[PDB]
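Just the one chain here, the form deposited in one PDB entry, laid out as structure tokens.
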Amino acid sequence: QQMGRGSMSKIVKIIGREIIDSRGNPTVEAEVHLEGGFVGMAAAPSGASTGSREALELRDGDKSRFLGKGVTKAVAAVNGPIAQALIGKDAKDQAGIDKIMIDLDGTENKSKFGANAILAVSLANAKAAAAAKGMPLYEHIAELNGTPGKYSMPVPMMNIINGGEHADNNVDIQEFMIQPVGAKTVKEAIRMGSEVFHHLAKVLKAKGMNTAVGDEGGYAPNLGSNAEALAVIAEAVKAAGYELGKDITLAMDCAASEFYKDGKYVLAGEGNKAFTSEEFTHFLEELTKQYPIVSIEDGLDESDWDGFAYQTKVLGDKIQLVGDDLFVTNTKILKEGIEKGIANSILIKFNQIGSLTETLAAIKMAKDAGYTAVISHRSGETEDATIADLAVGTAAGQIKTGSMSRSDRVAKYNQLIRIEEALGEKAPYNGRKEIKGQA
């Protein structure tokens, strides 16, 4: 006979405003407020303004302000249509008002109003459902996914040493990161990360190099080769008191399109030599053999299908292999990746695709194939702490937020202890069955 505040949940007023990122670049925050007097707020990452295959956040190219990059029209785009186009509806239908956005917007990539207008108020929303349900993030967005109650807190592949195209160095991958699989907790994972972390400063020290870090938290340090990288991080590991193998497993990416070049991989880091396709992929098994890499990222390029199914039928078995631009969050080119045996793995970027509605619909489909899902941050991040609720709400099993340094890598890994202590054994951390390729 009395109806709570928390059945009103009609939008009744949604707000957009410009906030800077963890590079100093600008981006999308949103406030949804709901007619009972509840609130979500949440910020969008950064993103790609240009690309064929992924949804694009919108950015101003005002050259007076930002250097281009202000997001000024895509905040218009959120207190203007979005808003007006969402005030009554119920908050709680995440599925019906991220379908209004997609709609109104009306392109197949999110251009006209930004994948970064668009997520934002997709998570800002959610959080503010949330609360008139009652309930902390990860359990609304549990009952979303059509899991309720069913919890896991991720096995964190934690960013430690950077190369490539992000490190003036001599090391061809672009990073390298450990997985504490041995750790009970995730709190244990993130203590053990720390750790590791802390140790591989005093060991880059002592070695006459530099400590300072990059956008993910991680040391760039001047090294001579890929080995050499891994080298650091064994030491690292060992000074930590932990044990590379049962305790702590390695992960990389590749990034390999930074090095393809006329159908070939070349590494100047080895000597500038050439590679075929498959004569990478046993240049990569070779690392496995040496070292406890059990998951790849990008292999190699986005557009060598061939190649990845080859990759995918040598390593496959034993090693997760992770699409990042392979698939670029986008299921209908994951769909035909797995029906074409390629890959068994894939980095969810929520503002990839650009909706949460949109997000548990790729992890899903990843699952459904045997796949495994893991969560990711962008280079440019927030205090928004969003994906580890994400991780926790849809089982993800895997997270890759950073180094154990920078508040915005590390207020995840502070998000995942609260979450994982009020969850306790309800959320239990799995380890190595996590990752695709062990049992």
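For clarity, a rigid core is taken as the largest C-alpha set superposing within 1.5 Å between two forms. Residue numbers count along the first chain shown, from 1. What changes on going to the form deposited in another entry:
Checking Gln94, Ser152, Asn169, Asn344 for C-alpha shifts of 2 Å or more between the two forms, after the rigid core is superposed, gives a single hit: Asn169. If you fit the rigid core between the two forms, you'll see the Cα of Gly51 move by 2 angstroms or more.
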Contents of the next structure:
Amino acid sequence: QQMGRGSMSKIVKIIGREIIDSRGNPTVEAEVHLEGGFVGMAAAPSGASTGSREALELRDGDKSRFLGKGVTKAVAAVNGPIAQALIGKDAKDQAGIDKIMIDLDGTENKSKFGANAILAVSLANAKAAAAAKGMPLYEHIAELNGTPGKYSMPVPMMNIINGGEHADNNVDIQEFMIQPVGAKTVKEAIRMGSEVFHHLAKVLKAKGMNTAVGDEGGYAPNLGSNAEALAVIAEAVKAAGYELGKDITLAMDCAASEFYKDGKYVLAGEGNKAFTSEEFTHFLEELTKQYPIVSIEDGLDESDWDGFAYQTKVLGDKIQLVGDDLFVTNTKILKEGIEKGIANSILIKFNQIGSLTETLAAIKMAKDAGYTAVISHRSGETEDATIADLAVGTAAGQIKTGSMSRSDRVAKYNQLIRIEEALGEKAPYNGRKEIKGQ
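Structure of the form deposited in another entry, given the form deposited in one PDB entry:
Below: the lone chain, stripped of partners and molecules.
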């Protein structure tokens, strides 16, 4: 006899704007407004170095503004054609909404409107619909994902020694990360993260090394070899009074694409030597004998599929192997990968494919093949904490959202603490068993 406000979930207004990411560069923010007075706001993150096959991040190319990195073109697409195509449609139909933007854009890689325009509206629509449905975003995502009320708190891998391209050289491997698998809650995990992060500062100070931080809030000191990065991390874990292996395991992103030239992998650090896919695989293998490294990401170039097949036969039984640039959150590429025994895990970045629907497809493909899904940030982040809710709503089991420094990283850790506060053991922290090969 009386209709609730919740039932008036038709899109009435969509606003795009240009905001600033954690590196000082424009990205796109979108608002979605429902008839019933429900609003959702979201932002696109930005990769520092993107995979070849990522959906297109549309930039202006206008030198007089933000050194060419403005996104007004992408925002215009939000405020006009996308807005006009979504007014009148039901926010609660995520897949319906994503399809209308995919079909209206019409290109394979979202090159007309920008993956950055379409994702911002996709995520903002999702938040609006959650509000209209009277639930928090993690709860709405679980329903959109076809796994209602099924939650976990993800085991984080925290990038605390930056390297390679987007640090300051000496170190070739892009990210060394700690995973607090020994924690019984994500709050405890986050504390253990903070402590080892602070103890590492003391260690680097002791050696006269720089304790300023890179894009992901980790340290970029000048180190003799890729190895020594692990060394200093081991010192910090002991100095915090945690036990390497039991309380904290290690993970890496090689971003091996960045140091691949003429079918060979070239390390500035460790001598200056060139390695074959096989030789590089054996180098990584050695590190996993000296240290408890249980996850290695982009261990080879995105286009070295023979390489990845070899690395997967050799290491894949003992070690989680994570596709990032390899799979770019794309079900077409992940499907080819599963079928060729390539990796056993995927890094989930919604802006590599550019819609939440196509993102949840990727997690489902992964989990149904017995691959793990790690919900991931980009080097270029915002105060947006969407990946926190996504990790919880999909029971992904793992998250990569940075060091324990910079609010571009820590907003996600804060959101995970808020969410665990609501859910308690309705979202268990499952620890080491989340990681592929444990």
